[PDB]
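Just the one chain here, the form deposited in one PDB entry, laid out as structure tokens.
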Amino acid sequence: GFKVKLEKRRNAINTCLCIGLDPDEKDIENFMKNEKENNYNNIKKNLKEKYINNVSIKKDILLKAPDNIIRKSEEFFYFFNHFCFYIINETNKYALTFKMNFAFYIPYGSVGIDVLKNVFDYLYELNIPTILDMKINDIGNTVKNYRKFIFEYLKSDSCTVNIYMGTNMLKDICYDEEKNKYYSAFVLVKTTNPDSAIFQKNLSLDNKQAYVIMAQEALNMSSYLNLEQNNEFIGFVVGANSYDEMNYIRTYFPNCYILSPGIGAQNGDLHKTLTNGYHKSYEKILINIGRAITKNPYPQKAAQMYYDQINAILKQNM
């Protein structure tokens, strides 16, 4: 159960920080250059973690001494994967959950999917709850394959879902009738893009905005599937800077799980966000911080500072 994992871990480390691990090409290139310039300090640190031996793919390459890698076809893979372990290693004591957005692992072909699998293998050993932000949607017969990839192959605890096509697809994502398995998901409700209102707000039904209608139908399906009775849920992606919508959501669905992306290095207001979505069991208000951590040259420092700020706001609210 994602619910119980979250609950347990939230008790252990007292926070709702979700760390986003979305490495782009410059992150990888910058990491490789800086490891070359500095005796490969961090990769050498990566290699000392017990949990690095338990990843699935190209262990023989990953566990080589950096020095031997340039002495090269496997180099992009090695620095990419090692960048991801580096973030995880530096920041994990501060993160209630990690969220990996699939778009960042696909553009190079398959090599990034290997990286993605290893990252998920690694987080599984560390028992850190995971989310795959992939905003999946298709017909039922088709999405089973996404279910398989995400929950069987990656062993993610949850994923993001776009339910514009409908809520029946959740039957083949959050439930596996053959194996009697249940899975958690966050459906898109109010997103962070500037023009998010065009459909989510400007469409309506019976006097209610589309985002509200969507949220309610998502929970009707969660209830029909008995998810929470099996320690899973369907939650809502609500943008961090959508304060009215977040307020509407926490108000109308008082016990929902919210995943909140949007706060970066140069925007956002953690106090207004966390307050609007607050819940005493604040694993229900996941505050995702991604680039503000992964693009900081001192990622542990970033993850700690965000941790402390959120913690201060949580106590303010208590």
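Numbering follows the first chain given and starts at 1. In this text, rigid core is short for the largest set of C-alphas that superpose within 1.5 Å between two forms. First, how it differs from the form deposited in another entry.
- Fit the rigid core and compare the CA positions between these two forms: of 64, 58, 291, 279, just 279 moves by 2 angstroms or more.
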The other form holds:
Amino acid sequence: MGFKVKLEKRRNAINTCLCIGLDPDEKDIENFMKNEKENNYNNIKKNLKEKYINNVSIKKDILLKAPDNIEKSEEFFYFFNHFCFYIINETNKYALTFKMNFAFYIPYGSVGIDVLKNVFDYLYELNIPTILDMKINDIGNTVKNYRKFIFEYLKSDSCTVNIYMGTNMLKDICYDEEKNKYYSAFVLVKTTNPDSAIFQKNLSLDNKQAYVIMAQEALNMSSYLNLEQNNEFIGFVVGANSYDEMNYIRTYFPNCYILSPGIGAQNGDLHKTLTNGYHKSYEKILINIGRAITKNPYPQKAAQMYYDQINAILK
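Same protein, different condition: the form deposited in one PDB entry was shown, now please give the form deposited in another entry.
A lone chain is what you will see next.
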């Protein structure tokens, strides 16, 4: 159940340290519909056969109601949801973990959160580890709501956090006193955008860069609260492009957990001190590929490809 261990069993059961990213945007949804409606809803039908589609708890009465609209108020809700069910049913067998970015589930209103819950409900019935990338941040009082929403409502296994506002965040995010329970988190160390770090790098304390002070601070916080046992942990978000830095964290923080995005789209080099710099028992270095798989004409295949070339561990 604990992350470390849930992530350990599944690693064996399938190897690979791939993390499929499920960030469906507005066009992913209209295309899946545009050419699903004009194909007799074959994929949605394939889904509807699944079975595990029954933990899902929001508008179950609409979700499992054979392909139809009227275009009813629930049209959009339908399809969006199914597009997600579709990807999962065809990619999970290659995934060690699924990572959903909250951001894409909120621009249309509550309808998108409903879907988020059904997705997390789904990934949860299959026993697939999850990551809600929302990189939360706020004051202890407030942060407590993100901890509830994330680990209590969605039953997620972990989530990303931005501790710039202060590292004590984690004590309210990774630990719930009222009921004990410990959770896992991923702190933002080095991100994947070009103007990336004139902060994570140009900034420093005694000439030790900011992403190191931050990386070090985050770890000393998981020492207190003793996550490591309890079967949880606090890891880092280190971009695929940040080759130099990746190799440094893996050396100074050798048994650490890493979540690295940026490959497949966002430009990338799977190999190269990425899956090498950061190597370890692979599940300690999750590679995330979203669009490269989710935007490809016929995925699973893409998945498989990544699985395979990721399975190329000459180590």
